[PDB]
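Shown here is one chain on its own, the form deposited in one PDB entry, set out as structure tokens.
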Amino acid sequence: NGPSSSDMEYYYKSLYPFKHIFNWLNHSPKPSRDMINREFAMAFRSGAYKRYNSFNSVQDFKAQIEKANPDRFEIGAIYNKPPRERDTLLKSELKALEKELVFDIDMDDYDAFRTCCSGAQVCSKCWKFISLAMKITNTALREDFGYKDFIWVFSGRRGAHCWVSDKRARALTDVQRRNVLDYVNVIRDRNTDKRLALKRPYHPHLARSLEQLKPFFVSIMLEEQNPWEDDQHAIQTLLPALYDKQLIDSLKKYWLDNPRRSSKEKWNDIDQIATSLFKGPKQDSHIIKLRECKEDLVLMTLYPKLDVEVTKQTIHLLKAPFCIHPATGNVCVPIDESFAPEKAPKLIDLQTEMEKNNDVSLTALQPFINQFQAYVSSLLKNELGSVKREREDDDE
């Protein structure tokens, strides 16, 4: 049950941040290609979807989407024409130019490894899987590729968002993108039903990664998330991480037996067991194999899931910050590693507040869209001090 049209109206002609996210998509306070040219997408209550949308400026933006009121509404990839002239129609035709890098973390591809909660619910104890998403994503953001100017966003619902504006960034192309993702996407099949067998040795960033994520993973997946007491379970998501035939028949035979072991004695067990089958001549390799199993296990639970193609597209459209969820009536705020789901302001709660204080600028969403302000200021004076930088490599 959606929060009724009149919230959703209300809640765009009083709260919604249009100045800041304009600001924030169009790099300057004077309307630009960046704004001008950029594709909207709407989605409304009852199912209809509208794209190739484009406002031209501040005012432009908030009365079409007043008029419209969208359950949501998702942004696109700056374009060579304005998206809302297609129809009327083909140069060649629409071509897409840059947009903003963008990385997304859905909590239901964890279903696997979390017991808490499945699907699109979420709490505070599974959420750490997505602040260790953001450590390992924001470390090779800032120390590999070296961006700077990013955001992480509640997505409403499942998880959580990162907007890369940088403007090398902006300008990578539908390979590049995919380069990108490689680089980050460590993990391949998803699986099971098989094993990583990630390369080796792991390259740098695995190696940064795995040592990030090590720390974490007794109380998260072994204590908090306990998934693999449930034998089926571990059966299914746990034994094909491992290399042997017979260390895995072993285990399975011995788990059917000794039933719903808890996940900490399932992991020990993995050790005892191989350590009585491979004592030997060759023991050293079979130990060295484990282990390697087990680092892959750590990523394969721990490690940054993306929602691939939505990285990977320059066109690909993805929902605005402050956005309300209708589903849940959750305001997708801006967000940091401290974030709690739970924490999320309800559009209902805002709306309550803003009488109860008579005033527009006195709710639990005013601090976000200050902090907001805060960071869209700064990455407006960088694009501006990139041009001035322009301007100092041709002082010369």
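We call the rigid core the largest set of C-alpha positions that still match within 1.5 Å between the two forms. Positions refer to the first chain, counted from 1. Compared with the form deposited in another entry:
Comparing the two forms between these two forms on the rigid core, the single residue of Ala364, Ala327, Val360, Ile348 with a CA shift of 2 Å or greater is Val360. Relative to the superposed core, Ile287 undergoes a C-alpha shift smaller than 2 Å between these two forms.
If you fit the rigid core between these two forms, you'll see the Cα of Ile273 move by less than 2 angstroms.
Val298 is not among the residues whose C-alpha shifts by 2 Å or more between these two forms once the rigid core is aligned; its shift stays under 2 Å.
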Given for the second form:
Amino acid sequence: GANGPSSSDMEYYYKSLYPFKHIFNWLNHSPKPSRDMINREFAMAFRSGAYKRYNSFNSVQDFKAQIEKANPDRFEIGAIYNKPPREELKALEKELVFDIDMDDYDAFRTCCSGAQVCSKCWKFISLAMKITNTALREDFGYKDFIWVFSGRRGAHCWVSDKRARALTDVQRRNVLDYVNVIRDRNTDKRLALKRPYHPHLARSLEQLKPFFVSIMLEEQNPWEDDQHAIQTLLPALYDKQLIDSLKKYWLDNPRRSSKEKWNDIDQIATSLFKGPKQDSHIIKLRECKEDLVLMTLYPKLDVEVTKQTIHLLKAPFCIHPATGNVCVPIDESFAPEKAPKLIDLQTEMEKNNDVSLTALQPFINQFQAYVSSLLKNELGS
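Please show me the structure of the same protein in the form deposited in another entry, now that we have looked at it in the form deposited in one PDB entry.
Lone chain follows.
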């Protein structure tokens, strides 16, 4: 319904649906309880706005009993410390995390407005995960990571490789800076990315180019609106004369599609830049356009959470308090409409009273299989 889950709804969820055993095993890195759980901080966020840090749990039974008793709207996972938080604390390890959310893509989408989301603009997030995954796998050699829907229109990545868990804050900042190519999110300005591109950017550009026509020019088409083209297409260009000529042209000939404007840029540039210097201008326009492909489609991380081993991040399978969606793990097929809603799970448990019979169970199965694979890598040979 329009209202999010009630307190008694949350009580039912933690009692009968939340997968405490698998989340415990994922964070403990072993089948016997160890200090990777006993010394790990969890924070609880209450419906009142209260926020309690430095909880810690010692077994799946204790994690479940404390969460059920507190009944928080969500809880968050922090670092593994040298002493148990519930009892000066030095952080030793924590999964490396990233957060991507639909906000910074809003200027280029037309399918949805405000807090809306749909499978079309979700492609911005699917691409963000694709490019981030390529860097994590190919450049950092990480093998154990999973993305989790954050409940409305974003996702979180949890990387559990032992190397990633042991990174220091300096190292985490260096990983973040490696992936966070678009540093300045402002669209009223041209990126002027450093040339020649670093091989990661060249690689990312080749991955993203085939999606630009189909997503940006055609599906979203944000530049058919002449004021939007002035606001976010023109600023990406490098030459004041080109920009003015295009402005006059689009004034004289209104509502040309994004595809038509995209080609108009080349046509007008070809007429403006002439003579043996022109090859230089051709290159600069191409580079501006490549940079704009990255401005529209390259992952725009919400950077802060990645940078420090102590930072807390919402646990997978928490309930979003406004949408009532479960924050489920994401596979290739996911879009937000596929996330189960708690009220729907409650209605299901009425006819078939076991979690294993609900729409939550495939996501729990995906997560359990993931946890299995991580534990196997943990042992090594």
